Amino acid sequence: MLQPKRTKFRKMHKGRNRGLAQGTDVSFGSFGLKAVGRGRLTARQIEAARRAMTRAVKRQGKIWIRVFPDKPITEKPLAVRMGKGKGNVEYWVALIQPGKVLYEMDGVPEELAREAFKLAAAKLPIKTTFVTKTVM
Amino acid sequence: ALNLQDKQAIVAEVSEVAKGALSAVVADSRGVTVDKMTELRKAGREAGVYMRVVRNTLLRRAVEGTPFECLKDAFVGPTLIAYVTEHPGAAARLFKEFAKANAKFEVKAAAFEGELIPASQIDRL
Amino acid sequence: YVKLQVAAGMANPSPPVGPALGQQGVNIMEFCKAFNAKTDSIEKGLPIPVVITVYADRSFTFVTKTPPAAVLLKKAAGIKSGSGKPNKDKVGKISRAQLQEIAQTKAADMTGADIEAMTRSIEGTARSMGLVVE
Amino acid sequence: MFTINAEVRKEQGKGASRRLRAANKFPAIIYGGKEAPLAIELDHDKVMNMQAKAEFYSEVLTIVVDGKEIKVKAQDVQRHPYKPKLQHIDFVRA
Amino acid sequence: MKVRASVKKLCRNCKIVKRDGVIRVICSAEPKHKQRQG
RNA sequence: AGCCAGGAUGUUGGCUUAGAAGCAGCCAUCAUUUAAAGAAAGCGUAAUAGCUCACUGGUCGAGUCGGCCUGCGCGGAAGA
Ligand SMILES: [Mg+2]
Ligand SMILES: [Mg+2]
Ligand SMILES: [Mg+2]
Ligand SMILES: [Mg+2]
Ligand SMILES: [Mg+2]
Ligand SMILES: [Zn+2]
Numbered sequence: 001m002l003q004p005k006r007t008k009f010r011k012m013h014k015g016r017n018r019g020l021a022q023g024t025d026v027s028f029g030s031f032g033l034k035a036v037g038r039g040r041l042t043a044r045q046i047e048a049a050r051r052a053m054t055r056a057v058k059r060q061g062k063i064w065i066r067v068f069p070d071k072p073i074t075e076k077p078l079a080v081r082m083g084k085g086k087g088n089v090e091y092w093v094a095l096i097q098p099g100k101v102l103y104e105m106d107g108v109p110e111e112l113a114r115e116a117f118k119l120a121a122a123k124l125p126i127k128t129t130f131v132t133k134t135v136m
Numbered sequence: 002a003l004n005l006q007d008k009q010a011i012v013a014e015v016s017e018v019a020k021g022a023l024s025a026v027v028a029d030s031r032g033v034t035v036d037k038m039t040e041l042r043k044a045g046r047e048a049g050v051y052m053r054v055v056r057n058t059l060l061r062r063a064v065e066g067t068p069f070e071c072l073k074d075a076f077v078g079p080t081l082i083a084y085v086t087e088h089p090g091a092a093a094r095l096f097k098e099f100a101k102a103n104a105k106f107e108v109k110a111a112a113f114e115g116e117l118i119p120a121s122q123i124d125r126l
Numbered sequence: 008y009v010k011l012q013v014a015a016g017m018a019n020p021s022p023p024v025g026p027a028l029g030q031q032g033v034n035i036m037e038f039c040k041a042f043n044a045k046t047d048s049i050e051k052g053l054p055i056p057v058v059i060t061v062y063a064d065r066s067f068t069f070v071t072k073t074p075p076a077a078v079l080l081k082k083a084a085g086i087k088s089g090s091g092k093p094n095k096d097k098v099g100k101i102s103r104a105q106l107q108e109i110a111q112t113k114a115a116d117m118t119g120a121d122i123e124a125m126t127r128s129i130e131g132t133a134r135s136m137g138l139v140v141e
Numbered sequence: 001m002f003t004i005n006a007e008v009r010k011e012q013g014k015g016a017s018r019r020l021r022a023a024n025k026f027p028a029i030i031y032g033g034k035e036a037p038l039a040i041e042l043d044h045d046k047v048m049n050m051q052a053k054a055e056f057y058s059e060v061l062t063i064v065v066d067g068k069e070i071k072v073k074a075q076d077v078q079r080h081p082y083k084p085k086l087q088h089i090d091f092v093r094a
Numbered sequence: 001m002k003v004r005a006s007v008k009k010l011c012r013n014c015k016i017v018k019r020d021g022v023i024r025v026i027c028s029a030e031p032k033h034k035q036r037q038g
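Chains as they are written, first to last, in the entry's author numbering: chain N, 1 to 136; chain I, 2 to 126; chain J, 8 to 141; chain W, 1 to 94; chain f, 1 to 38.
Calculated from the structure, these hints are not laboratory results.
There's no promise every hint is true.
Result set (EDC-like, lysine to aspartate or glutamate): computed pairs, CA atoms no more than 20 Å apart in a straight line [claimed, not checked]: (1) f:8 to N:115; (2) W:73 to W:11; (3) J:72 to I:40; (4) N:133 to W:55.
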């Protein structure tokens, strides 16, 4: 499962997730899964979806994952008052804004890829689409 | 299915074996297995004959290429064509013994001399 | 109207012959001994297809065909088993003289126009069991 | 040979462009060579079906503006982030 | 009659028909394939 | 779209298995006659047979097929 090996800082500001994405284009494979919706992906989710589309191709071709879950998220446990310090880091997320390209792939027919990214998409919280690489 | 270019190529093929074939009989092929018809392709290749199942509005434009123009009314209903390119006859004898032995189909109206010979009178050929 | 592939000088086992041709109303031992007396001329270790033509009166006429392209390229490539993975693994070589011999046997059995047609179909059963044409 | 039809734009900037895009056109520019750069608009649909063919990128096109043909080549394209649409195009006089 | 929010054609013989403002799947082949949305 | 006809040969392709014969699995997946017929899409047999499908010819006689972008709706939707 994805997670930064070592970070400068342990915990992080909530932030706001705004604007549009960079890397909206297919820079590697022939096909892509683009994020139309807007939100956080947990590491776990990235894992599931990758495993699904890997299943689909019967371990053929090649896959890239263009998003990494670098932002730490925190939670206080149950029966806990406010304050008394910042919550511990439960999991990681990646912040996704509409237009980003999470998954790339090639070495497979169009049809098969449509189906793979579909079955991977089912495991994702954000509304997603299928893009094809364009020259220029 | 067939592209417009395909059908063009085939009007050309059947027209090219048309201008070059002495006798041409048109028949019903219906109700017959690929076994008995592979048998009329063996007795067809052995008798010097050209055996084909071709579309009817395609055979109107292939027959418009003369002098088979009197067969265009034998093109309503299933259509198989025997062109004897080498020899005349040997089609009209083989189709009637095929149609009497199988007890299927017809052998309806044929073409020789530029003329249509009716169902009972292809006993000429 | 049933079709069998039965070893050359052999007949009347229970699992291969008795049930499959005998539940159709056909004599088992008349077929057995008339087919082993007709096919006693087929080489030892060649299954020969026999087409059993059965009638409403239970007396039959059979057309014994020639040993298969598969089994005739089994004996003419010298082999026993063809490839368990055809054209991946090549288990023997049949020269084009043996493709024309097996397609003259199969000229007695085929739909081919010329010996070219039948030798190209036995070419196909030569590539289907993995046997090289040399 | 692709033929694009275009009018010069009378305004510029974010407002003009967003209105232009609402109205199903989009802005483009033609620069390069000796002359001054020309700000034009295009019909979105037309050009979206033309750039649908890779030839569009590697070929010399003809843009008719005010009856006047400029011969150009496709230089660069901004696309809308998640939609199948064209935000803007650079043409260099060819 | 499986009853759920996601209904499909689970073979070639399945048919999508909307009765009384309800989406349905009727099969010729397979009684297991009859579906109601809801 | 629907109705009539065919959907064949080598062949039961090899391997394997008690049997694999299109249709347990593994592999090749060629060629013939062909209008058309995949070493067969599903059901079937102990394995076969058998019933359809892909595909074609006949009939019919003018539109038809599924993607895109969107507007407004449908289901999803159970509480004192
Ligand atoms: Mg940034
Ligand atoms: Mg403003
Ligand atoms: Mg029709
Ligand atoms: Mg509702
Ligand atoms: Mg309720
Ligand atoms: Zn069904």
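Hey, residue 73 of chain W versus residue 11 of chain W, does the alpha-carbon distance stay inside 20 Å?
With a Cα-Cα distance of about 24 Å, the restraint between residue 73 of chain W and residue 11 of chain W is violated, given a limit of 20 Å.
Holds or violated: residue 72 of chain J with residue 40 of chain I, Cα cutoff 20 Å?
holds (17 Å)
For residue 133 of chain N and residue 55 of chain W, compute the direct alpha-carbon distance and say whether it is at most 20 Å.
holds (15 Å)
Is residue 8 of chain f within 20 Å of residue 115 of chain N, Cα to Cα?
Status holds; Cα separation ~16 Å.
Taken one by one, the earlier hints fail for this structure only at number 2.
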